[PDB]
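Before any questions on binding or motion, here is one chain by itself as structure tokens, the form solved without this ligand.
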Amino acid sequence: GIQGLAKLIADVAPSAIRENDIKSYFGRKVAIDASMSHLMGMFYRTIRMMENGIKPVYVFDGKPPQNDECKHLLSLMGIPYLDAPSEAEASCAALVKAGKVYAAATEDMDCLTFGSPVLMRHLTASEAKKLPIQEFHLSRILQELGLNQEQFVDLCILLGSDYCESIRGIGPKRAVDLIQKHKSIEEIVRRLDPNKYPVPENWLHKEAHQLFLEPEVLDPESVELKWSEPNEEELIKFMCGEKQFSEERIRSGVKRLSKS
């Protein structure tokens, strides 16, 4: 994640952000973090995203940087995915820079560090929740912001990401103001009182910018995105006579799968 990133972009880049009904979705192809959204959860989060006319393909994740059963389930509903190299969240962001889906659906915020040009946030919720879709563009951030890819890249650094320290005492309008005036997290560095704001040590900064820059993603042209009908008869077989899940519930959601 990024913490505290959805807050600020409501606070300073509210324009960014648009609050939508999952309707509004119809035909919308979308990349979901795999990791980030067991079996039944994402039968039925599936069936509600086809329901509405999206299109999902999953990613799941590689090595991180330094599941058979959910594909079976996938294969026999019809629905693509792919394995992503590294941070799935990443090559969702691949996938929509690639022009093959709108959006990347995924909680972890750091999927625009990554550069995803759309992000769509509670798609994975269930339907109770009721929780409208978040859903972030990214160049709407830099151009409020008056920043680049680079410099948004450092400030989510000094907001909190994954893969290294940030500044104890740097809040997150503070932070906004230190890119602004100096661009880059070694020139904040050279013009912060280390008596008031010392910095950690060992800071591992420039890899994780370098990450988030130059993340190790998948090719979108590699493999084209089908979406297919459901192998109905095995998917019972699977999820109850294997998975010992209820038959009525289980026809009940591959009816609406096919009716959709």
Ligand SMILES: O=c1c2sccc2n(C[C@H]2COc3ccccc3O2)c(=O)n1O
Given for the second form:
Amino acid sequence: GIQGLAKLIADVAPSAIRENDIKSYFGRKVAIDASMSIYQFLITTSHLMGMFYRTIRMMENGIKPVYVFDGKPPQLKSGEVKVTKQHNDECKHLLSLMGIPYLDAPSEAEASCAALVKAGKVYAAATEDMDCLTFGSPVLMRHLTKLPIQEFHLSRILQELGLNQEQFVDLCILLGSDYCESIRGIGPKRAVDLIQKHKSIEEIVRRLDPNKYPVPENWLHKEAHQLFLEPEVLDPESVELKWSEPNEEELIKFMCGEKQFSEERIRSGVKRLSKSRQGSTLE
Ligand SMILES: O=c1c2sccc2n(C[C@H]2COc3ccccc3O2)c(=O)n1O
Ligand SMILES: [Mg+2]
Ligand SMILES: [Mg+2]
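The form deposited with this ligand bound is what I want next, because the block you gave corresponds to the form solved without this ligand; please supply it.
Full complex below, order starting with the chain above.
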């Protein structure tokens, strides 16, 4: 998470956010940040029927989802609802039975998501996690999750604010990332100006007096910067995405044989999923 990036873009780079209806993304592959999507659904097997029904709704609306699951968290995190290892396990299990593709990301899903968008194997990466942009994703989608879908274009953010990726990462770090602390008393809108004018954090600290503006003690901003820039990702060229026919009788055995769901209610969910797979990927 980047503390307050969404509000920043809307204010000083609005030309990057284009608000669209779920219907205009017909026949479109999107990479779905599974951890962030489960976070949404947890608002109890709530995570599983969230993913069951929402994926059907996406598939009926033309969208072809591909979920990407978090792996091992990177060393640096100690600078800053709870998505567990079972939440992930059960969801993966479910998607497997629906014929939806999932991907086990080496580290953080929104980096691997971004990578699919870079390599151009999806249209966009669906997530509210704003640091997916910082991971270099050309297009981010918000609220795919009543509420409009906000499309973010990274080339426009960089174009308006007049910064390359590297500088942009440092802006994000100054806004407040998951990896390190920011410079206290530096507002987000003042952070922009200092990035535009002085380009990088190491420099900004130089033109800042140690008394008035102290940084974190042994501040790992450089390490954060390395992570956002060179993150551990999967190779999308090697990775293959396929949408299979759902295994219905096995899907019952799981949601109803293990997870106390309504059999005929799942039955119809699977039949809509199957029907839309014939609309989306008849092939
Ligand atoms: O997968 C996640 C998850 S799951 C729960 C939280 C996170 N975060 C931290 C931030 C990401 O952005 C957020 C946006 C909205 C609400 C919580 C957020 O939490 C993340 O950065 N990633 O990558
Ligand atoms: Mg993140
Ligand atoms: Mg994530």
